[PDB]
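Next up is one chain by itself, shown in structure tokens, the form deposited in one PDB entry.
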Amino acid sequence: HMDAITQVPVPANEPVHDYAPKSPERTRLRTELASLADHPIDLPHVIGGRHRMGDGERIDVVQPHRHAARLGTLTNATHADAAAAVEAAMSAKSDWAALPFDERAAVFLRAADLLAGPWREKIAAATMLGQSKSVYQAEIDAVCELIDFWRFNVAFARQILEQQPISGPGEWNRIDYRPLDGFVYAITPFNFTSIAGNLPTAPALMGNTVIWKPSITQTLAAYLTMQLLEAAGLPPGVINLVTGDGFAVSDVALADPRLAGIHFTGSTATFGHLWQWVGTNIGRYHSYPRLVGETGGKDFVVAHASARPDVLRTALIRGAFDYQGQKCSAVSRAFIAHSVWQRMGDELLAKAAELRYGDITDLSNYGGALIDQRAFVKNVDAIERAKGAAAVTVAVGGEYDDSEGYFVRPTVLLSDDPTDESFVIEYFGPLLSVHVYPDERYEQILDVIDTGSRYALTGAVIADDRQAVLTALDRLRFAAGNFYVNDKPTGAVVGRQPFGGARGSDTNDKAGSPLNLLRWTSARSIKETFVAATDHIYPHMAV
């Protein structure tokens, strides 16, 4: 037993290592890079703690910047593999939910310290190699953000647990944060090793069990993430990894009456498809399935006449070209005051021209390749559509070559008129559209942005002038979900920029605050009355 009201350790953001030359973390990284690249492995399903290749199609996972180089081979989950994954989750449920919160949380605090130290460069490396991330992009994702999700989620959970009610005289009211009945299906994207780790573990912390279907191109890091959790003491069957395209896994998972919920990422249309499925089929489920996730988007930057040019320039380059524009959203549209364009236009383009994309094992590169052949094709199409469109010049970039890796150069489009949002969402890649507007039209450009922005997760204003900043904060209040003043608009740091979403979204329960964790619990109130009534009659009834 235990007689205590315990505290969890206090989280803080994990520091980002730089991997500068001569640094020890850089030497460690090269060891890990060579080790993963030179020793490709089977990437098996992990079900009830057993690692097994299955009977489905074998699919290679390769380095996107060098696609002839194999990192591993997975088998596409069959229906049978998925049914086994589910049975394993249901079978581990009882022992996992009975562990006290403090002991489930130690698993993830431990996993976090393991990722911060001895696993750090292995997980960074795996993310670099599979997902074509520069070391800095791997470090802010697979190390830091994943570490922070675990440590802050443990703190968020613990805070949820002490949210208790008032007891009136003669009674005692308490609240019990129950885990869900049934299993949770986590489907994770290629873009972040952190999201891939978090979507399955967050519900797990609150006492649930999980089946987890990672994106094929992220599966090296996902499998390693699974080994890390096992080394931290995650029990068998609490999370069950199934590799592949996910088709057979969804057939099975969505037909099972024990589906408690789905933690995923996707478009508005994906959400509506799932709503439609679950609403139509609601009588088939024991519980009402919970559908918790976030979308992608494309973002914008507006520079006022007071914008600092070098700040603006650097925000556009990073915002648009960090990770080859493949974050959950990237900067696709810049609106730049004419006088500020005269000062930094040429520098933007020259630097964009010099910006090196190549093999990420060469640490001098800024970034790597696009994630796969389908992504490449989408970019090529968007470039060809721009070369032949009226409005648009290709001012720099637009070259591409899939012979060695899925390489697309940084590309700046100049549009004579405000760039239409519908074009920029058809791909994810290093393509930035710029529209130069007359300084005195700042307010009109803000209205144009507002009126033509349905798909931005984030926006930024660059301006030293306070009225200009405030006017943007007012006028674009609903045009994006996270807003930035004098920096690139980008991925949040955990605990710092929670929430957001594109216009009209309902996704404030996504990862990054306690609201996510709540979705993985079902609270009940318990009341005890000490001396209840012994007569049913009420004072109003007396003669």
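Between two forms, the rigid core is defined as the largest C-alpha subset superposing within 1.5 Å. Numbering follows the first chain given and starts at 1. Compared with the form deposited in another entry:
- Note: rigid core superposed between these two forms; among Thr270, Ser250, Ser167, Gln227, the CA shift is 2 Å or more only at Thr270.
- Relative to the superposed rigid core, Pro100 undergoes a CA displacement smaller than 2 Å between these two forms.
- Remark: with the core as the superposition reference, the CA shift of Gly117 between these two forms stays below 2 Å.
- Relative to the superposed core, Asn281 shifts its CA atom by 2 Å or more between these two forms.
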Contents of the next structure:
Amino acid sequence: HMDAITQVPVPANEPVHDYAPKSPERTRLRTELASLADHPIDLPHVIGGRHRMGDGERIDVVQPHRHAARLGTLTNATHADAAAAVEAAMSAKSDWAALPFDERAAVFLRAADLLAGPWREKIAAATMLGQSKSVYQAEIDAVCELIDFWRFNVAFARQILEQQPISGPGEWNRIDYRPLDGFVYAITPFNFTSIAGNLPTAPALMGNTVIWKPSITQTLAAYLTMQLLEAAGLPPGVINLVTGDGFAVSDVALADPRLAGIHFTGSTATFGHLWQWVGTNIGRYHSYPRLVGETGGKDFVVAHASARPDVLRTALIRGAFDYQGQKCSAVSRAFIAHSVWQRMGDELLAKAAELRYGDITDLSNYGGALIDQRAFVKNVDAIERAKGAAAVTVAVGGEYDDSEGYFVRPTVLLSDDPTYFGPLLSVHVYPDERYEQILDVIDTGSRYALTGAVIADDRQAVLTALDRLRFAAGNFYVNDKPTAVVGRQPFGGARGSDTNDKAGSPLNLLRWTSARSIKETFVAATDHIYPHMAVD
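Give me the form deposited in another entry now, not the form deposited in one PDB entry.
A lone chain is what you will see next.
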């Protein structure tokens, strides 16, 4: 019980550890890698706080960079598993929604500190092993970004709660940010353990309960994230983790009239299917279900003649080849001025040829393998089309081999013509004086453009890019790679999309509330007659 107007702690971005050779975090990390790799586990559903395998098909979760080494085994959620998860959520709702905001918020603040200290290398290592991330890719995602989501969302939520109306003479107006009426269904992708953890927790923070269907290949880190939340004090049933491919989960969840929302990040196909199904079942729902999320895109970089060669080269390598090109937004297409290409083209090809992809438990590797067979098969396909296509030459890489892991080499293609996820970069070399025409082409070809960059020291060039490409991409970068930290690079989304409300601003959290106005009038009228009515 309390008489207070409280403040939350002030958030700041969690520092990124380097895991350099003499560093203690590197030691701790090795212990965790071994411990997860040597001791594979069951990966169960977590329903109403009960950890339980179910009766559906058993599916192994392995190291993509070494697919014979198993990490755990999960069961594909059945209809009964899903139903139980929905009921556990509905059943925890009332006690969770009744906790004051500060107590709900403490759960996520505590989770963030646990992740920052004692659980840090455990969660990073699980992300490395199951998703094939280098320790760098893991630290910025499973650690820092997830910590920042939790600490910043607590702060964004608190800021929201104090957005209050004007009170005129004689009255008091107030706004109450209620949670939604039923359960929220969260569906998370493979490539980010931060997103996976944020999607179900952001709505939880606001007083909602959740079913969470993580991606199969991310399930080791998802399960450890669940345990972490439990250790932070998350009450049983507020978030309920169902494993597998999600088909039997959606069957149940999209048919329940209590579905209040879906929080999704993944492919546009999957999003479209969800969107259709909800539309088809719209008559059954107590509330209009809120569909909130994010899909992919591919990214361009334009280099002007005034671009720095070393900056461009680096931006292209990291941008195309960090996490094997599997970030929600990897550089696929680069457009480089001819004279910049003369200065850095060979070095780019040379460094890509030397770039080491392998087992990420060897920390000298730049990166790992693709996530699974499907991904491998899509990349082989794309490389063989590129070999067959007249419009395109394989300048470096193009090799692949799935016998140890799902490995595809960093590949650079030269295309003459300026018109999936994987380590493929297409480069088009354009004559210096055609800068602006290249900006038009990009603009004209920009349907699923998520991010863009310009590399240019020249201020006029930068401004022309910012201008002409204003509507060609939702996030635009200058003299760096186009690939986003909480609090710093919010919003975006692909061209034509309705995604200002995605993870990373207060707008996302509002989607998990239904605000009401409350007006008290102190001395209201006691005669209904109005002044204009008097005679005469």
